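Taking the form deposited without the named molecule, here's one chain by itself in structure tokens.
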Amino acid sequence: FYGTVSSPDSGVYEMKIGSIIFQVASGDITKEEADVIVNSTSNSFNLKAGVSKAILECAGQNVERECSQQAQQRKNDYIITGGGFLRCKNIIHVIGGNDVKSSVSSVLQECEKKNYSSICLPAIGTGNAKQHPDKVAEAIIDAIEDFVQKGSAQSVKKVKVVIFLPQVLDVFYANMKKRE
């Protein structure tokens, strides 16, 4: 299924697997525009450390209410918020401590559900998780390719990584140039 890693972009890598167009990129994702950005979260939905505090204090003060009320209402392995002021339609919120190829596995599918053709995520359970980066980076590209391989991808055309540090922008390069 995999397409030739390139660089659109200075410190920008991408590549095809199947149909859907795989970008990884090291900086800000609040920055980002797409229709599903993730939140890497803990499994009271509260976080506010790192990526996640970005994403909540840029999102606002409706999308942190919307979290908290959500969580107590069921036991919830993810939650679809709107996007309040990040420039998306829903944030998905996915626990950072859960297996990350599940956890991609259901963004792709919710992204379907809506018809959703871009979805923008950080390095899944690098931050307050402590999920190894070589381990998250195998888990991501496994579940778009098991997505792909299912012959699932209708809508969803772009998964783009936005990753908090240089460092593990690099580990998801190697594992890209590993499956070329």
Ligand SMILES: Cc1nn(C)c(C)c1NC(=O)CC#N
Given for the second form:
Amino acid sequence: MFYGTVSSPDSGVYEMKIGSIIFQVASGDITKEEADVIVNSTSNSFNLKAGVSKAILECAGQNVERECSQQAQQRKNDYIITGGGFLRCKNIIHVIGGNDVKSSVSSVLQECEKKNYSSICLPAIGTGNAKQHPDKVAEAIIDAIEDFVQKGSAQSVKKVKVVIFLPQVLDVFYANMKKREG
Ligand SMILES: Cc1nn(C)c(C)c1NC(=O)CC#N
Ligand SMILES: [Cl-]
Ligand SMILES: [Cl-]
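I have the form deposited without the named molecule already, so could you send the form solved in complex with the named molecule?
In what comes next, the whole complex appears, and the chain from above leads the way.
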């Protein structure tokens, strides 16, 4: 109904279509990416500095750290939106690594449509400090994108890329894409 064919457009990168969206996976350091939104996977206090969160907060800088703690004390948030700081993006969306991953990705997609953004880059949300299983995380991320497309909600969003720290976790995402392909 929705899935295209898996191919490799560039060395180490795998892609397929999900409706109108190009979905891609690759290994590497997410802080070197350019996109309208970069996603951080953090704690419920939005002040973790371990694994991906360490790299993101150190690169983004102290003004983004302060934005995070200020919003955290104002209300109870499931996720927060800050500036990009010194990352190559327009906004960072900080999601809670222990939360339901499908729910978190659905929120990121909706927030990106609200801003008329076209590109998103995310890590393998939940597989660091939160210790969620990589196979369940891959299934949840791709399920969120499928639901978003099925509901007719993709208008501005055109590209969603997962940049993954461990090559062994990339292998799990690749296998899930091959399971789904047309
Ligand atoms: C970038 C990075 N460095 N380290 C040491 C780890 C575990 C990661 N990835 C995550 O934290 C996964 C998620 N979310
Ligand atoms: Cl995590
Ligand atoms: Cl990762």
